[PDB]
Amino acid sequence: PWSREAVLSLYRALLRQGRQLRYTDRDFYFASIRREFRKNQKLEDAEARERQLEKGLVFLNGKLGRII
Amino acid sequence: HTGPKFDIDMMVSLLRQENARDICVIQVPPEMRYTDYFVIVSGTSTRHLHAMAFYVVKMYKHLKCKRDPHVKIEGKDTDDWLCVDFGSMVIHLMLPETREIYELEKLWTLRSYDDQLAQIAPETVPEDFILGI
Amino acid sequence: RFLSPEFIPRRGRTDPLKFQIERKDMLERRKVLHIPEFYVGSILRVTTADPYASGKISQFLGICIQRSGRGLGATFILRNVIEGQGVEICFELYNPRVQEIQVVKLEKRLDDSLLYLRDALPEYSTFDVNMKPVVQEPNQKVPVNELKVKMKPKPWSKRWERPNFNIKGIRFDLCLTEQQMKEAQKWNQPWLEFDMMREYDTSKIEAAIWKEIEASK
Amino acid sequence: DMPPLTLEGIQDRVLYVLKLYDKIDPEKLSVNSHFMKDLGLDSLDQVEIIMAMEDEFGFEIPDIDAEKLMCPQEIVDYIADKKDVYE
Amino acid sequence: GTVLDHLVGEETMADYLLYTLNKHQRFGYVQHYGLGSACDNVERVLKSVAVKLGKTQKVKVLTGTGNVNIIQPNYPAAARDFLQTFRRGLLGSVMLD
Amino acid sequence: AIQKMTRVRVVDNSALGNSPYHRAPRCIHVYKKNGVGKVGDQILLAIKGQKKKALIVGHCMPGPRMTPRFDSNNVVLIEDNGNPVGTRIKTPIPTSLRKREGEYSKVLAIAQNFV
Ligand SMILES: *P(=O)(O)OCC(C)(C)[C@@H](O)C(=O)NCCC(=O)NCCS
Ligand SMILES: [Mg+2]
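Chains as they are written, first to last, in the deposited numbering: chain v, 3 to 70; chain u, 87 to 219; chain Q, 74 to 290; chain w, 70 to 156; chain C, 224 to 320; chain L, 31 to 145.
Honestly, I wouldn't trust all of these hints.
With a straight-line cut-off of 30 Å between C-alpha atoms, the simulated DSS-like cross-links for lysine-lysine are [claimed, not checked]:
| id | chain 1 | residue 1 | chain 2 | residue 2 |
| --- | --- | --- | --- | --- |
| 1 | C | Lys283 | Q | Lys223 |
| 2 | C | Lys246 | Q | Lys255 |
| 3 | C | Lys283 | L | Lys83 |
| 4 | Q | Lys205 | v | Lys65 |
| 5 | u | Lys150 | Q | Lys129 |
| 6 | Q | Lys97 | Q | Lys284 |
| 7 | u | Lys162 | u | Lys147 |
| 8 | v | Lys41 | u | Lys158 |
| 9 | w | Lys151 | v | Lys44 |
| 10 | Q | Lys255 | C | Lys278 |
| 11 | C | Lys246 | Q | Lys221 |
| 12 | L | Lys68 | Q | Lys225 |
| 13 | C | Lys281 | Q | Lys225 |
| 14 | v | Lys44 | w | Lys92 |
| 15 | L | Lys62 | u | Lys192 |
| 16 | L | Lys63 | u | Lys147 |
| 17 | u | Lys144 | Q | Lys255 |
| 18 | w | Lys106 | u | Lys192 |
| 19 | w | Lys137 | v | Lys41 |
| 20 | v | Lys44 | w | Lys152 |
| 21 | Q | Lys231 | L | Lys129 |
| 22 | u | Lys192 | L | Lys83 |
| 23 | L | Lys34 | L | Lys62 |
| 24 | Q | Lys259 | Q | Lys221 |
| 25 | L | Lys83 | u | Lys158 |
| 26 | L | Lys78 | u | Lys158 |
Quick caveat, the hints were computed from the structure, so don't treat them as lab data.
All chains, full assembly: derive it from the sequences and hints.
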């Protein structure tokens, strides 16, 4: 990745938001975030790691859409 | 007529009692000129999906305001995908199969940044407009 | 002074009262929504209410390519290439649906219509959706872009080379040949420059519109 | 409320949460075996483990140090900083 | 043409003959061959000849920007005329070896 | 207006639409009382040696005032069911598609840009 810290930070931060969920099924939200971080990772090139991290970062922000 | 209004909290709880498999309720900002709230719910069988969709629309009419326009269910002929549009809420009834292939939640949470948009690249015509084998 | 094109009426047998009626209606609407001074070359961002949604706000940015119509129904058309698709929207000026009109970049081009930009190369019509307004001092001459644009292959929407279009903003040298140029010249009509009854002077007309406008404010 | 933070009791509650985890089973689980290598757990897996510790004791774990915590023994020593146990 | 032409590809000998002509004579080759400028690109010379013969045709492609008319010549047609161009004396006397 | 024997552009991520081929897709048929098809109308396509139903999404012919006007004839491939074969629509679609009578909700769902 860009930073090994940053990805583990992102995985942490996303799961923290999951606790604050109100309407969305919390079991599914957790399952959906887990599998994403599994199958995508362990196999990528340096350049595309900059893109995939950013994809997660905009998920964190939730500016364009926030799941509740 | 007066009492409970049509909103997410009532609508979701209404879904849940028919064994809604997964629920994703998504806040959509005003710049995306479609809806206030996007909802995705899964189902067990084709006839189970009809059950839910038809209950939701039926209950809608009960609590519906007089001037509040009537709504139409979509895709009754369809096997796996059913959709119902309300005023400020949009709901998608699917099998787990179609959820795996559409990824509607991903599209709407992150717009231009999804994986499915990345694979596809825009095609440009060559300069001087000459093709070569 | 600048008078909006819509206010000056076309030659007709329409009674003057009809124009007076329409002018009063237009002027009322102008008070409510500020109509900026824009030209055909200029860049505009228009914010409107979206009826297909529950009063959500839509903005669209693009380059003006034509400005036409008279009275309330007067219009303009904005062009732009959004993520690899050319889009054109015709807007009414006095439609209540429109929220705000801003002039992002006020400039004239060489010619009064830019419909040839469809046949021009894509980049000449590609304008950034999020660009910062660039403003000039109030008592400055309206700046002109003297850009001539490169073209696609010769099958075009219209035959621009013909002198009836009188396009000054196309790099003809690049695309056409000398023989094609002299072929186009067969449609010249040189008398038409000197046809005296063909001309339409709006001097006294515009003066009277000014008198009405200054009375309104 | 003040709970007695016995070092032995700290150990018990730490191993209690690890047996609660799906990936790791009590058969191969020990007090001295580390998560990443011995218990064969991924780096993302670790993040969840530390969250279990986060809410249990109710003291914040910064992201800077969460990285170096890769052993149960390291944890029982780390949470000993919260309330000093000698024994 | 002494040996069977199936051994060499249809477009294969073009680059080799371009190298041979660049070795000995290029200016006369440019004048006879209708190049805008001297170059070692086989694609450019194949485009230059097709336009000279006029065998090319406008073929539509539809894009978001609009309908554009690309010209898609007979690449096979350009491939053969190279042999008569070499065999005839217009290019100039050039030993391949 | 898209009628019989009109070339169209498939603006989808669907394999069938984006596949390289010697023919542009052609409009076999228009599902309207009169042959002309505007936006939102369904039309039949001949692509790659098969017939496929498609939804018209924007066209070159001028429409009502504030409605957008595109520079290519854009269609989305759909099943007879109504399910779009593709997953994503890169190209912007007009918002008007919403209020028009019929099954448009699914196509709106998979679109990114509204103009
Ligand atoms: P952990 O020790 O199991 O590994 C950490 C990691 C999987 C997040 C990652 O750093 C890695 O080892 N692979 C990099 C490939 C990748 O997809 N990077 C993350 C971008 S979101
Ligand atoms: Mg035409």
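Hints and how they fare:
no., hint, verdict
1, C/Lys283 with Q/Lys223, "holds (20 Å)"
2, C/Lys246 with Q/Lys255, "violated (44 Å)"
3, C/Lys283 with L/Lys83, "holds (24 Å)"
4, Q/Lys205 with v/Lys65, "holds (22 Å)"
5, u/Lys150 with Q/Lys129, "holds (22 Å)"
6, Q/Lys97 with Q/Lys284, "holds (13 Å)"
7, u/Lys162 with u/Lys147, "holds (19 Å)"
8, v/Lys41 with u/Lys158, "violated (39 Å)"
9, w/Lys151 with v/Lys44, "violated (35 Å)"
10, Q/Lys255 with C/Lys278, "holds (26 Å)"
11, C/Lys246 with Q/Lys221, "violated (43 Å)"
12, L/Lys68 with Q/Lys225, "holds (28 Å)"
13, C/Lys281 with Q/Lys225, "holds (13 Å)"
14, v/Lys44 with w/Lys92, "holds (18 Å)"
15, L/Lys62 with u/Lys192, "violated (36 Å)"
16, L/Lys63 with u/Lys147, "violated (33 Å)"
17, u/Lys144 with Q/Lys255, "violated (74 Å)"
18, w/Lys106 with u/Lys192, "violated (34 Å)"
19, w/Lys137 with v/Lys41, "holds (25 Å)"
20, v/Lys44 with w/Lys152, "violated (38 Å)"
21, Q/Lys231 with L/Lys129, "violated (35 Å)"
22, u/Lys192 with L/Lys83, "holds (27 Å)"
23, L/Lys34 with L/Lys62, "holds (12 Å)"
24, Q/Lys259 with Q/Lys221, "holds (24 Å)"
25, L/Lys83 with u/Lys158, "holds (22 Å)"
26, L/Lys78 with u/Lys158, "violated (35 Å)"
Violation of the numbered hints given earlier is confined to hints 2, 8, 9, 11, 15, 16, 17, 18, 20, 21 and 26; the remaining hints are satisfied by the structure.
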